[PDB]
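Listed next as structure tokens is one chain, alone, in the form solved without this ligand.
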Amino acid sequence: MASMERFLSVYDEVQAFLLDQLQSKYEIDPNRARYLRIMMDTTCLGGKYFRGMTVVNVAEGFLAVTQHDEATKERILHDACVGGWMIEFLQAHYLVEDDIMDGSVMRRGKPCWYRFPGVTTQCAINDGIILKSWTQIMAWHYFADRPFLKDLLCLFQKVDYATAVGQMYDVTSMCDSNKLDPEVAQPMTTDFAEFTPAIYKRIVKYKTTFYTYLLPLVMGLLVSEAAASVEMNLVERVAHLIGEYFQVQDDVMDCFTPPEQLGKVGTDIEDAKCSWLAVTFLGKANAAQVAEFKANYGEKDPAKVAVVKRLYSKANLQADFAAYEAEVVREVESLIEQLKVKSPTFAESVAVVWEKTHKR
């Protein structure tokens, strides 16, 4: 069985389980079941399944070098699939709630979930809660007797909290820390003093890397009973790196990829986001460039956004991106090498993760 086709099959099985259970134990009626079925498919399907598929890929890696009965190979692949879906549904939770929080319009060239006419914000916030609750229902059901149940639940729990903390860093990244105050409406920064590499890095680490890279890799290890083939500090460091890199790409695209091909109109400029472009631009601007940036950043007005785009264009950020790229390629090879020591196989899995990131 090919990996993707196994993964998608397990979706159908997990969906049927969750919906059947709503009927038999939660007194749901057909039409509400259909609503939740459509919600699940619209929010969970349609991307590349990179995160879910990484758990499958890590487990397939260990399968090739570990002696197992066939039924045991099958159980581990099924566990890897269910695990991947947990991460997919965790992401779906985050995307639904984030889209509502940020007033987004589109995602994947389709409307955000809350903007569907029969959904609305009132239902969508709760739908996003259900998506995450489903991750736990899956885990307690499929993994109830598994030796890795507690470690998986505990990891999932930490990643989720880290992500929510990351979200908070992200949404507050245009404020001056010393002005945060629930009693007082928050002005956008005027000095941009908090637009630094280290601050940028902290947003991306919490907001993205833990759920996008750390979780899928470590879940792979957990379902394979293989956490002893690795140095968990290395896995963290390599995930950090690749994750930060992933975000730098998506920050460049928010600004420069055509809307049709992005799946979204980008608004990082107008939301006054601590993007890599803004940080890197401020790291090399002269005084007159900094005043012009400040006059035009974080304003809805299209003329002012066109000015920020102009400033980045003439800043030769491509040179900074190539230099950043070169250093990440450098460091990730070092970490892959250090991971070769204990696990050739895991290190290959991280290699493949790195490749699928380094392209798109």
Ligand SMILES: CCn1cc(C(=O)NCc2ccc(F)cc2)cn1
The other form holds:
Number of protein chains: 2
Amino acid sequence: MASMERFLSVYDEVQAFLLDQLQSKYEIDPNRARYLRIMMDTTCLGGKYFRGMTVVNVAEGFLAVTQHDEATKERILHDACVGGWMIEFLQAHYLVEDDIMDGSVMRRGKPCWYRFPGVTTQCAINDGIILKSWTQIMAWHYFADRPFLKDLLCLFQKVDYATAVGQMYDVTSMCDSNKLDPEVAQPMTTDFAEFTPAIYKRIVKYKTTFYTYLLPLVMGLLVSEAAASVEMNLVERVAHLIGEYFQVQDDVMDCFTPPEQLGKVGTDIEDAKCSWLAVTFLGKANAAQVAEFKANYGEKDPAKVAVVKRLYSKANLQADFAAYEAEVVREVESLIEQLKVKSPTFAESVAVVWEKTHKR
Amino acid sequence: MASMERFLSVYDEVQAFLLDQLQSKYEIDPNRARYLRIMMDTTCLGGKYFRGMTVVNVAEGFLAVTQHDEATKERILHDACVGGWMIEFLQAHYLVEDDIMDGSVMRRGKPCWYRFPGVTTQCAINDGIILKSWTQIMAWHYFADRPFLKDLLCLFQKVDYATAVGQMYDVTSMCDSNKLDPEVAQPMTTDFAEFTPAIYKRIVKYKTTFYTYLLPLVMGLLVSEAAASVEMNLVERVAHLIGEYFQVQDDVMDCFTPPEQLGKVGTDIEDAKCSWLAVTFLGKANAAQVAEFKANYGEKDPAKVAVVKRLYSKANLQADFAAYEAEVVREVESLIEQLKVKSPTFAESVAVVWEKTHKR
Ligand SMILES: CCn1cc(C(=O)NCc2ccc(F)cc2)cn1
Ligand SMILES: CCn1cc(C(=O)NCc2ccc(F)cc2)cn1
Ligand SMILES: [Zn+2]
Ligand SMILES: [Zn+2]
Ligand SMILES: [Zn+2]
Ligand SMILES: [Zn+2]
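Switch from the form solved without this ligand to the form solved in complex with this ligand and print that structure.
Let's see the whole complex now, leading with the same chain.
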């Protein structure tokens, strides 16, 4: 059976399970069950399922080299699908809540969930809570007797936490750290001293890389009972590297990809985000360019945003991007080679993850 | 050592642990660690700690009748405190998010967290996420080798989920169920058909009782390795009963307790909440009273709210409250007696929980 059709069938099975359990154990009525079904579909479906399919892909790689009964192969693949859906649902939780937090308008060419007329922020915040709770309901139901349950829950938990910490790093990235204070409304930075590569790296490493690359890889390993076939420090290093490159690409697209292709109108400039573009621009600009950057960044005024975009163009950031890209290719290939020592199979799965990221 | 001082010392220990772990493993800087410390204090401290002290109280009861080494007694009490703080932190998560969801202004005579000038909704939503993540970080750190870890995590998980489901029941309680639809903005009910005792019961049972009474009781049992000393169906029944009475009292106070004593200006009437008052009023009103209720309920206009309050006064709901109260005393005393068969000690802890609720 092809991997994606297996993955999507398991969504239907997991959906039915969660809703059936709401009716039998949580006293839900048909109308609220229908709302939750619609919310699940709208928030969990319609992306590429890269995260969840990674779990499946890693597991398939091991199946090709490991002896098992057919019923075991099916059980491992089912497990990988369930684990993949845990990660998709975790992502859906963070996208719902992040869209609310950020006042976002669109996501994948449709309105953000909270903006649906029959939702509202009041419900949406809670809907995003439920999305994450479902991850745990899935785990406890499908993996109850599994030897990996402990390690899976502990990992999931650490990744979730890392993500929320990353969210904090991101939403506070345009404030001066020394002025953070719950009692005092936060001014935007005037000096931009904290727009550095290392500070940027910390934002991206926590906010995206742990749940986008680390978790799918290591979950694939746990449902395969294969974690002792890898050097876990390598898996972390390669995850964080590829995840960083992914976020840089996202940052560049926010500014330069036409909205109809982006699925939204990008506002990182108006939001004064610590983006790869802003940090790389500041690492090469002259005094007058920095000054003009500071006069225009982090302002809704479209004239000011057009000025920032122009500054980035004239600064030939495309060439810094190619140079970053080249270095990432070196490092990711080096880590892939190192992973071949203990597992050629796992190494190949990381190669596939890298190709899918590097091309898109 | 007195229970409350033990409980509060453990807050300091758990705080230090979480922040120290942010620095050593999550790359946090001192300023963000200070924000998170302030957020933790502001959202977790300053209530009565009834929930968390219940875990401690149940555990102390068992210690008085069970043979242990002194180091075991200390370890059990430490565990009960940690488990109590998990529940306080879970509550803090739900109060942060609920205040945002509801546009609340105050909580315990201070501004809601999101309203602090240096917070904002953008941060606060995520801060509430972090509050719940800390529950799991505590559990995995302090209970890693404990035999109860599995059952504690699974229980916690089910309670959290029940709570979020309850939140949904509550925020949708003034809509007609058959019209729930994410695509269509939701009108307030005109008939109030769904303001019934059974529907009310479902709201309160999920939104409050599982995390306020069930979880503290059963966590006290799990850290005591005492769950097989009770009939778990009785513990559930008594939890849900006492929790329902707690919520009724809360509902009555929302309307009739002066704000300075309430710690907030109550808005259940303007918010069209399915309260105990609205449901009991509708179960005794005549046709003209129902009509006047419908013309005035769920409207910000202070004249209309004063009309609703007057309708409740004239309707002598205080007498229905006394009659409800009497029935709850019968039933809770009956359940307490039933709990005495397998555990007099646990029965006495439930009695204490009941007294603390019944008086306040
Ligand atoms: C051009 C060659 N090169 C650039 C770097 C670099 O570290 N850029 C800064 C940066 C920090 C964090 C990120 F996530 C992405 C990028 C390394 N080699
Ligand atoms: C007056 C004697 N009495 C009232 C009831 C009753 O069920 N009231 C409705 C109600 C439903 C749910 C709740 F949580 C609280 C209250 C039972 N005996
Ligand atoms: Zn965001
Ligand atoms: Zn972006
Ligand atoms: Zn609420
Ligand atoms: Zn209330």
